[PDB]
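Novice: Listed below, chain by chain, are the residues.
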Amino acid sequence: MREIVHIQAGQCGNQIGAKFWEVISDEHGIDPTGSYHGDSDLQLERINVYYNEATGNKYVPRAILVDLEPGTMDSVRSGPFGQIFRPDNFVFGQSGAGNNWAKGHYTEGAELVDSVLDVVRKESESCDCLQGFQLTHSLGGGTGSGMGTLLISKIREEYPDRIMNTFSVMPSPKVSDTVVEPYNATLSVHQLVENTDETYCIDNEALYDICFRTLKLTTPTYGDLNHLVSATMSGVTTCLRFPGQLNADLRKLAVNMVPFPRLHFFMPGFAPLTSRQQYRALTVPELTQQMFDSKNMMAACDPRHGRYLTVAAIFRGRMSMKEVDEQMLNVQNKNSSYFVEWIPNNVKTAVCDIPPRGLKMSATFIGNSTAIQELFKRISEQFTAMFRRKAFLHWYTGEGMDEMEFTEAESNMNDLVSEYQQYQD
Amino acid sequence: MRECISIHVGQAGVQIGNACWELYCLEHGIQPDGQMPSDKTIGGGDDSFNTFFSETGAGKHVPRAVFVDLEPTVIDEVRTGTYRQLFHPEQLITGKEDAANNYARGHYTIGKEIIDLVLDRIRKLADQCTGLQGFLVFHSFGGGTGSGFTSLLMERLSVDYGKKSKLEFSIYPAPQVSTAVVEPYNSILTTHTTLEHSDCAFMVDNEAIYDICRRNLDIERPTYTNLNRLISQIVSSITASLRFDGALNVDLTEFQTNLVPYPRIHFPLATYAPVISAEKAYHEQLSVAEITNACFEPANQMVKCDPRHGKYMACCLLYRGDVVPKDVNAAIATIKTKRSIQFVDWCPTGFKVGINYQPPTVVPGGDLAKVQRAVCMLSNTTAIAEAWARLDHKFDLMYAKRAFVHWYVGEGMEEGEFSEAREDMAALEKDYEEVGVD
Amino acid sequence: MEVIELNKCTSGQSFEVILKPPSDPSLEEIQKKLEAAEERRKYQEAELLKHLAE
Amino acid sequence: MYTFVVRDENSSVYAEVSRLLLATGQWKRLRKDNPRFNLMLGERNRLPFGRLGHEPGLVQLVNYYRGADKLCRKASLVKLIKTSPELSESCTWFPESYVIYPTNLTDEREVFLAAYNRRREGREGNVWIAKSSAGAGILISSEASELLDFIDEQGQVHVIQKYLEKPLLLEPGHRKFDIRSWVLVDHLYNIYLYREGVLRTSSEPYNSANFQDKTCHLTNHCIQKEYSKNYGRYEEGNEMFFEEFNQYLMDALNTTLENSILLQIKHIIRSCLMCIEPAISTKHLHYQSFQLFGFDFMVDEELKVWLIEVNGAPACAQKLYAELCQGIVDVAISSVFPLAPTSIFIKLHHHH
Ligand SMILES: Nc1nc2c(ncn2[C@@H]2O[C@H](COP(=O)(O)OP(=O)(O)OP(=O)(O)O)[C@@H](O)[C@H]2O)c(=O)[nH]1
Ligand SMILES: Nc1ncnc2c1ncn2[C@@H]1O[C@H](COP(=O)(O)OP(=O)(O)CP(=O)(O)O)[C@@H](O)[C@H]1O
Ligand SMILES: Nc1nc2c(ncn2[C@@H]2O[C@H](COP(=O)(O)OP(=O)(O)O)[C@@H](O)[C@H]2O)c(=O)[nH]1
Ligand SMILES: [Ca+2]
Ligand SMILES: [Ca+2]
Ligand SMILES: [Ca+2]
Ligand SMILES: [Mg+2]
Ligand SMILES: [Mg+2]
Ligand SMILES: [Mg+2]
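Just so you know, the sequences run in chain order B, A, E and F.
Per PDB author numbering: the first sequence = residues 1 to 42, 45 to 278, 281 to 360, 369 to 437.
In terms of PDB author numbering, the second sequence opens at residue 1 and continues consecutively.
Per PDB author numbering: the third sequence = residues 6 to 28, 44 to 74.
Per PDB author numbering: the fourth sequence = residues 1 to 105, 125 to 155, 159 to 362, 371 to 382.
Incorrect hints may appear among the rest.
To be verified - Derived pair list, reagent style DSBU-like, types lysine-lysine, alpha-carbon separation capped at 35 Å:
1) E:52 with A:430
2) B:156 with A:326
3) B:299 with F:28
4) B:299 with A:401
5) F:305 with B:326
6) A:430 with B:60
7) E:25 with F:70
8) A:370 with A:352
9) A:112 with B:326
10) E:13 with A:40
11) B:60 with B:124
12) B:389 with F:28
13) F:188 with F:247
14) F:70 with A:430
15) F:305 with A:326
Said to hold, decoys possible - Pair by pair, the computed Cβ-Cβ distance ranges are:
16) A:26 with B:55: 19 to 27 Å
17) B:298 with F:9: 45 to 53 Å
18) A:419 with B:339: 32 to 40 Å
19) E:12 with A:285: 40 to 48 Å
20) B:55 with E:70: 53 to 61 Å
21) A:333 with B:245: 47 to 55 Å
22) A:419 with B:423: 41 to 49 Å
23) A:277 with F:105: 48 to 56 Å
24) F:146 with A:419: 52 to 60 Å
25) B:225 with E:72: 57 to 65 Å
What the hints assert, rightly or not - The following residues of chain B were derived to be distant from chain A, with all beta-carbon distances above 12 Å:
26) 133
27) 180
28) 258
29) 327
30) 353
31) 402
Just so you know, the hints here were simulated from the structure itself, not pulled from any lab data.
C-beta: ideal position from N, C-alpha, C; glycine also.
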């Protein structure tokens, strides 16, 4: 009974979080009303990881929905699986955060944060043995970014020895709402460097390119982007949701994936990514080749520009475990220059028999690569292009922030980039 | 009759323990409910098998064993498994969250809070013993519990049972079946702190068991069940002298006397033959000379290394089945004229031989075929130092960068314990080279 | 090639063949190590809480 | 795509093999400390054999047989021949030798003197040579006192063996020589003799009445090219190849190189390598080995061949690098890692 408490904050956080629960509920046989209708015992074996069991054999997601405006959470409550969530676990305000990190972190967010912690505390108190937390949010907005990292800080204060995990959506000019997103993301990244154990970097720049170039979607929508995020979140949590030996829990994953405390930002990847030739059987060699392909990466960084510190791979579906080991060893032995040679046997592989919906077999990639510095460099350059002219700062100083806090965040992220660079050489 | 208490620590120790006690029951004719028809002394007795099994008034034969794990899922299988009725709940100890593959978490953070409970349960078994010999401790090197909690337990056992022998069965890490990158750290940390507390340690390299299962059992991708059923066969051969009538290795003290002339060099190499697939149409039964000759092939060793390039300090041959001394001696004569067997000058060149007429038992439906004779050779070779070098080398690669060290310091371990443990291993490798190389 | 110490019983026998002749920390100390590490953990957690209070 | 590592930058032989491996477009070189290799061109000393064959899914091959130093060490070779029944103490193709430890440190001092005193009493030629593996350090004398005193002045093990006082002298010149044979042993322990040998000839006339000047008594390529005044006179670089040497044997001795010399050379090679096969074979080992050996022979005026030593890390004649190194790739490396004639080797069949 290793329970995880899930939190989703802001527009992005709640829309991706909704799709995540929709996907895994289907995989575990839970219908929109919380009733189980599966046909395999593997579905319920580890169900309590993400679901509470209520009267009448009902399974209720251990999820807390947070926002500073009601709109998105109204949509969730009226969505496909909206009725499966605990009505008490909707915590929202009315003011909004105005795409402003300061509003989420210091003013509007500060007024609502205690009521969220009350719900978090309620869910944790009923856990047999709480593993830790997972937060879904964007870094480019105000609520998920500012209030999300505020929540992480207050959760760590109350649960200092629990694991904090996040799925963090990084902003990109190609899929942007406002010009201040580099500000909100730089402020948030520093919080994550200090207060999270594992962060899955989900780059909207990569999600767009995959949709446009690989899936041939002429005009990608946020819904198209979130289909990739749902599939990825399901893949990376498979080790937690089904019987297995590798990782299997948040702390063990962290111990195998994070050799240095600040370098806990992961490049996720998924295969196949097929456009509508969609019925063709996919071989283990193809699954393995694509899973390591940069075009299958959702961080928008080229792995061949850095080195892998650690890699976790998860194969799903009925396949040849012997062939899985062969192709994996083939990739490592054929490109051993992109794997640091001072962490022996740093590529681990796991297999799960239950494939995702509508696929015979798939592969999910989790990489701790020094190439992720390209992502932080990109944000840092966009931050500096505006900050050198103090552009748009009045939105933040109007909420009580000083310019010095921006300079410190700017320096903290450039420090992070420098740390990745030393282990790359 | 002197009792032996088995202690199984962590997933590897528990699952191997389940395979062993399953085999012990089959070898002694004990049913899953603990009943033993052939035992005419109901609720008592001092037979050889009583070294490993106590008896209740109702005739239940209870393993003298404790299972310990910091998470419940592995031991939960035992509680609801085929042999659930063998143990009473006090013998199966589980915590709620494991050591996360972190030696420091198993030894310090969690070990400090459960050690007293584990010692109390062990004391309850000791109170049933009229003449306790000591302990057999099963554990992995790589796990946070198997490494960290075992070393703490061994330290306390030396305090609470100063005059008792302690033997180890230790699983050396192999990447083919491992998924924890820090296992070299945990292996060296637990070896450093356990070295002075263990009288004799039988290391089994998962890489060796894995390849034997693929090569000899035609298993494309062996599971822990496949690995453990083979390991239990080797463990059974080693402990058979304690559980059946005989005169060789009849008590734990004799393992040290016969296999370990130098206390720190207490890691005998185990070699086992024959391993034959049950799915085979029908195999030819190997002779005494053939299975004896097989003991000097690297392919059947529990740790892959080359004994041709080391020195022997002791060598025991443990036969099971249709074997007579005449054939053993004739086989030994032939192997000396062909094999490169070099003993150290301060040890006699010879072999201690034990023969148990009962052939090996195979679990029904298992992978191993029934054979008429088998042998396990226990040899103390400097060649096993190859395993220490490999492990220390991986340790050095990661530690030079301090990779993952913060996980250990965060549990309250000092960084100096790493270098202390590593320096002890360097002195161990130097001990082997002084004994083995000219 | 000499055999010595042949012992026989109903269930087996044992002997030795010679081919060539030759040529701790106290309970108190364990407790201090466990408490010392616990103290180091508590100190690190106090610094974290201090950082979070700031 | 195969992978290999280079751990001996001073190896001319495997610098060419490495050059050829890359030219095939199917072999990739890794940093010398990367464990994920198929082939290790290991270092000469303290090659870590214990870390080979422990990589899941990688067939690993190294260019050295663990334990072959027993054959490629001066003192070790003597001890091997005297103690191994396959070779016996009465071995007819190895000069009478003794292992002598300097008095500042078993030892065969007294045994040597007994045999030495016997020759002195029987009017027989009593000239011995003292040498060791720690040399570039050789002494040739007819007095046992000088030989033993020269070794005590040193600090490493030495060997005293009979000096061939009746060597075969090439004409014109009246000069000494030795024969170098290259032998390759693959992972299956097939013994391949390179069809091409070299005679390292002395450019100075052989003088039996003066062992002080060692230019005419030592056929080493470096000694002739530094202290000899007729270097390169009769043959380029004091290296005569089999074609010219075979023609000489026919013209002068009315015989052939195959009949008079090579049959013995092939016999000696088989005897040495078969003797240690059980000790070094990698047949059932978790990694595989091959190794290139350099055998050095002497021929007396009776056309009897004597083994001088075996080199574990030999070089090769400049003219023969391309052919031999390509042969190593064909039979020793590509046989294990195939790529996507008239062999240059002579297979010495034997019983395994
Ligand atoms: N032969 C064999 N090896 C095992 C088995 N289970 C785990 N291992 C090995 O043990 C090592 C991992 O240690 P575990 O025993 O699983 O960990 P633990 O002792 O439970 O400690 P924790 O970190 O708290 O889980 C790896 O090298 C595994 O390959 C088993 O059943 N049989
Ligand atoms: N017993 C002997 N009788 C006659 N000549 C001998 C001899 N032992 C050695 N030599 C001469 O010494 C030379 C080389 O000696 P040796 O081979 O022992 O030294 P070395 O090993 O440093 C040269 P290499 O290793 O290249 O063959 C040969 O050319 C040979 O002519
Ligand atoms: N992938 C994805 N990104 C989103 C979604 N909604 C918003 N974003 C991104 O999130 C950032 C805006 O933050 P948002 O979550 O809308 O602000 P918040 O409600 O204050 O937390 C921008 O980078 C958007 O591109 C979504 O549904 N999917
Ligand atoms: Ca307000
Ligand atoms: Ca009884
Ligand atoms: Ca003791
Ligand atoms: Mg928005
Ligand atoms: Mg465990
Ligand atoms: Mg030489």
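Novice: For each hint, tell me whether it holds in the structure or not.
Specialist: Okay, the hints, checked on the actual structure:
1. In summary, the hint linking residue 52 of chain E to residue 430 of chain A is supported, as the alpha carbons are separated by about 31 Å, within the 35 Å threshold.
2. A hinted pair counts as satisfied when its Cα atoms are at most 35 Å apart, and residue 156 of chain B with residue 326 of chain A does not qualify at roughly 77 Å.
3. Our distance criterion of 35 Å between C-alpha atoms is met by residue 299 of chain B and residue 28 of chain F, whose separation comes to about 25 Å.
4. With a C-alpha separation of about 31 Å, the suggested pair residue 299 of chain B and residue 401 of chain A falls inside the 35 Å cut-off, and the hint holds.
5. Between residue 305 of chain F and residue 326 of chain B the alpha-carbon distance is near 25 Å, which keeps this suggested pair within the 35 Å criterion.
6. Between the alpha carbons of residue 430 of chain A and residue 60 of chain B the distance comes to roughly 63 Å, so the proposed pair goes past 35 Å and is violated.
7. As the CA atoms of residue 25 of chain E and residue 70 of chain F are separated by approximately 23 Å, the hinted pair is consistent with the 35 Å bound.
8. Among the hinted pairs, residue 370 of chain A with residue 352 of chain A is consistent with the structure: their alpha-carbon atoms are about 26 Å apart, no more than 35 Å.
9. Proposed proximity of residue 112 of chain A and residue 326 of chain B is contradicted: the alpha carbons are some 41 Å apart, above 35 Å.
10. For the suggested pair residue 13 of chain E and residue 40 of chain A, the alpha carbons sit about 24 Å apart, so the restraint of at most 35 Å is met.
11. Restraint check for residue 60 of chain B and residue 124 of chain B: satisfied, since their Cα atoms lie roughly 19 Å apart, inside the 35 Å limit.
12. Straight-line distance between C-alpha atoms of residue 389 of chain B and residue 28 of chain F comes to about 33 Å, which keeps the hinted pair within the 35 Å bound.
13. The straight-line distance between the Cα atoms of residue 188 of chain F and residue 247 of chain F is roughly 24 Å, inside the 35 Å bound, and the hint therefore holds.
14. The suggested pairing of residue 70 of chain F with residue 430 of chain A holds, with an alpha-carbon distance near 23 Å, which does not exceed 35 Å.
15. Restraint check for residue 305 of chain F and residue 326 of chain A: satisfied, since their Cα atoms lie roughly 31 Å apart, inside the 35 Å limit.
16. Range check, residue 26 of chain A to residue 55 of chain B: about 40 Å between beta-carbon atoms, so the 19 to 27 Å window is missed.
17. In this structure the hint that residue 298 of chain B and residue 9 of chain F lie 45 to 53 Å apart at CB is violated, the actual value being about 35 Å.
18. Distance hint check for residue 419 of chain A and residue 339 of chain B: the Cβ-Cβ separation is about 34 Å, which falls inside the suggested range of 32 to 40 Å.
19. The supplied range of 40 to 48 Å is broken by residue 12 of chain E and residue 285 of chain A, whose beta-carbon atoms lie about 27 Å from each other.
20. Taking 53 to 61 Å as the suggested C-beta distance range, the pair residue 55 of chain B and residue 70 of chain E does not conform, at roughly 39 Å.
21. For the hinted restraint 47 to 55 Å between residue 333 of chain A and residue 245 of chain B, the CB-CB distance of approximately 53 Å keeps it satisfied.
22. As the Cβ distance of residue 419 of chain A to residue 423 of chain B is approximately 34 Å, the hint placing it in 41 to 49 Å is violated.
23. Separated by about 55 Å at the C-beta atoms, residue 277 of chain A and residue 105 of chain F satisfy the suggested range of 48 to 56 Å.
24. Remark: the range hint 52 to 60 Å for residue 146 of chain F to residue 419 of chain A is upheld by a beta-carbon distance near 59 Å.
25. Checked against the given bound of 57 to 65 Å, the beta carbons of residue 225 of chain B and residue 72 of chain E, roughly 38 Å apart, lie outside it.
26. With a least beta-carbon separation of about 8 Å from chain A, residue 133 of chain B fails to lie farther than 12 Å from that chain, contradicting its non-interface assignment.
27. The Cβ of residue 180 of chain B lies farther than 12 Å from every Cβ of chain A, with a closest approach of about 37 Å, so its non-interface assignment holds.
28. Distance check on residue 258 of chain B: its Cβ comes as close as 5 Å (rounded) to a Cβ of chain A, failing to clear the 12 Å threshold; non-interface status is violated.
29. Not every CB of chain A is more than 12 Å from the CB of residue 327 of chain B (nearest about 10 Å), against its label as outside the interface.
30. In this structure residue 353 of chain B is not separated from chain A by more than 12 Å, as the shortest Cβ-Cβ distance comes to only about 8 Å.
31. The non-interface label for residue 402 of chain B is consistent with chain A: the shortest C-beta to C-beta separation is roughly 37 Å, beyond 12 Å.
Comparing the model with each earlier hint shows violations of hints 2, 6, 9, 16, 17, 19, 20, 22, 25, 26, 28, 29, 30; every other hint is respected.
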